[PDB]
Amino acid sequence: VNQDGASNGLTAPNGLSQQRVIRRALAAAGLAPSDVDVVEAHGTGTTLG
Amino acid sequence: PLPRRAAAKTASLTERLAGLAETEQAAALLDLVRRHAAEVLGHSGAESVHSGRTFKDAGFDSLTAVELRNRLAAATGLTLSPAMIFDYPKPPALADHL
Amino acid sequence: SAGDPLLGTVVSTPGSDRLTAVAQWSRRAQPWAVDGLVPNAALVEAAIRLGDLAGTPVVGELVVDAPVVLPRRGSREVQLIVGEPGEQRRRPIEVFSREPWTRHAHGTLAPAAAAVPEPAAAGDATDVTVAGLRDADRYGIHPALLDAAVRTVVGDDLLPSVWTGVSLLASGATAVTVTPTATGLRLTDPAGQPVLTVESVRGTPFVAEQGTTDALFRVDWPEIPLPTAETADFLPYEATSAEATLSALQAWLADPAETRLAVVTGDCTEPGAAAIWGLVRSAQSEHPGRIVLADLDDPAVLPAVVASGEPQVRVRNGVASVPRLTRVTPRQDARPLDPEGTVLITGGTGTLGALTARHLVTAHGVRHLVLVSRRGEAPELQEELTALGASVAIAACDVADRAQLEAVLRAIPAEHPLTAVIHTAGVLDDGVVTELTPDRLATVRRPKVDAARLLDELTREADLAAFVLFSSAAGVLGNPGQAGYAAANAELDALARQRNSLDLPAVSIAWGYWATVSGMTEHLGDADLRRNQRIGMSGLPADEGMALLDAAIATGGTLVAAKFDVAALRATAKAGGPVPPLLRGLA
Amino acid sequence: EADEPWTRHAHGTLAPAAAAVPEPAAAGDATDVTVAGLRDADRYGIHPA
Amino acid sequence: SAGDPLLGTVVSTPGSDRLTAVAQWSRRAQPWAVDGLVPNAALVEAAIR
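First to last, the protein sequences are chains A, B, C, D and E. Position 3 (the first sequence) corresponds to 299 in PDB author numbering; numbering is contiguous. Position 76 (the second sequence) corresponds to 1552 in PDB author numbering; numbering is contiguous. According to PDB author numbering, the third sequence holds residues 887 to 984, 988 to 1476 in order. Position 44 (the fourth sequence) corresponds to 1028 in PDB author numbering; numbering is contiguous. Position 7 (the fifth sequence) corresponds to 893 in PDB author numbering; numbering is contiguous.
In short, the hints are calculated from the structure, not lab data. Built from N, CA and C at the ideal position, the CB exists for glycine as well. Worth double-checking, as some hints may not be accurate.
Stated by the list, open to error - One side only, chain E facing chain C, incomplete, derived with CB under 7 Å:
| no. | residue |
| --- | --- |
| 1 | 896 |
| 2 | 897 |
| 3 | 900 |
Take the sequences, apply the hints, and build the full model.
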């Protein structure tokens, strides 16, 4: 779990935060990106997100 | 029945364009955008908003962005994009672009 | 709530075109009403707003009798009334606000004119803006803008109270340009287009409105059912005089029997029966639920009256009535006090006498006063009244003494005839029923009742504009420890009633306890204050007291001028609290 | 309703509180009437239903 | 404040004793009233009110 913090706006997301949180979760699980084969994205449908 | 006509807060676009002489430098545009920004945020006056900072420091969002663009385009009569706030971070940049 | 804030709720009379706009105006709701003083521009704007709904936007004529002062706590009810369309489709317009209805403005309303003439400019156009002019959209013209714009011609000191030919062309203005005309003015938008036009506006100096006289109450006798009762817990006795009634009450208070006493007297309006009723009322105030007052033509209904539950009952022809205090609308058409006349004041050397003299001189312009009392020495008050333009003669006289009162009255010059006698003389000798004696009763009664009798009999042939008897509420509402004072006040009211029945002026005020700030309630105990707050009584300031005195002089008869907390007593009634029998009509 | 012409539905005269209320002879049996689901009857002197 | 549902608000005519009780009656506010129809008992109760 992490907070994006600074961005374009208050609710704007930053890809760097998602990268960092994904890496942190994978390191905690002690696995590799090739190990997983399916991921459920947020899929909000926003033209920005 | 139709309601009574709305009393204009200031002069119309034609009267301004008469006052916005091309001889006059980037000053009328500056003060009008300052007034628009002050009224957008509910500032006490156009003097409170300062051109030294950017709109991001003033606390502007896409909500205020599109409506300020509307209130500026209608005042000036010219069609505008919804995103000069990021293209032009400074009020002088807005004035020179306009 | 979608109605206009100054319009509130709009009601149309079925079968008629009359329109009533009811609004609640408070300083919280109307910040622009400085101190609560509503600018006349707000009234003009509200009239225009309602006339828009009536189809007549052009104010044909508006005259503001007086502005509106919003209360510090609570909101004033404001009603604007639109009458039927007359000639030229003009409709009568009236404004009221409230206490008795107070008219503030009136005039006529006209439809839109086909031609909008442009009068010549009689002055320099100036830009008018208002800082803090919020929600200007909710008004066609914001009142705080219109008043500022019109002050440029009428003047800040002058309240603009006259408006003619008011026409509106724009809405939601924030800044204006004012071009005055010969009579009216023109307000235009910063864009230059016309916004509002006034054919003519005229201002008047501000006049401080008098204190509202809504504390005047009269003793009314509503009918009540008489229960079908034959035997009841009562002790019958025929009370003949005040002294006999007090002696019987003392005997019963020494009697350990827990049996109620039914005081049977004559007609309560009789001065002796009035004193009896006052003494019994004071004893009941001391001992509630144990004594009953009866004024019965036929005493056979006496147990029924005892079964009625009301301590004070008058029965005639089998129908019973009870005393209550009911507010009376103050009168307008009062005979003016003659400046060339002379006003005699009894007990003028006291605080209340000096206050009454000062009020008369300041308001009614009484240039000649005769202030008489036991002491009759007041160089300070004499100088105060003379510096106000009043020729004052101060006398050491016993108002209840025939020779001295006659000498005082004859001391008045013939060229300044007597026109008003205010009987403020009164000696306060407080005492409970168990301790009072007839000697103390006479000592209390002589400076008030005998003095009033002497004054009215001596001034029977005099052309008197007013004859004031300074009674007190203790004789009507009842007051423990003031039985003699209560009897004196009740007999004073009875004397005023008899004098009025004798085709002569007589006004008696049974005032409640005054305000502590006035400095004339120092002898009131804490128990008195607690009982007053329990029954809803509140202090009376000097200004409102004298205003109520003037209103009662206008009205005449017997009135009770006392301030009561309305909502508190209504809630007490709703809570089943201790509403006094006299206040049962109130609550 | 809204701005329709006003329609009169009832008319009469209101009298002050009477002193004595005669009790007429009973012209029928005493009937006990209760309304199920009665709500907020206190705010009425008597519930309309 | 929501007063008596059959009363609503009360207006006193200045310079007169005439009174007018104005209210808004809706089936939601008066569920006991059948199918919009108002029994005359409600009218009597409002008159007493």
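Q.
Using the nearest Cβ pair, does residue 896/E come within less than 7 Å of chain C?
A. Status violated, d = 10 Å.
Q: Against chain C, run the beta carbon of residue 900/E and see if the smallest gap drops under 7 Å.
A: holds, 4 Å
Q. When the nearest CB of chain C is found for residue 897/E, is that gap smaller than 7 Å?
A. It holds, given that the least Cβ distance between residue 897/E and chain C is near 6 Å, below 7 Å.
The structure is inconsistent with hint 1 alone, although it conforms to all the rest.
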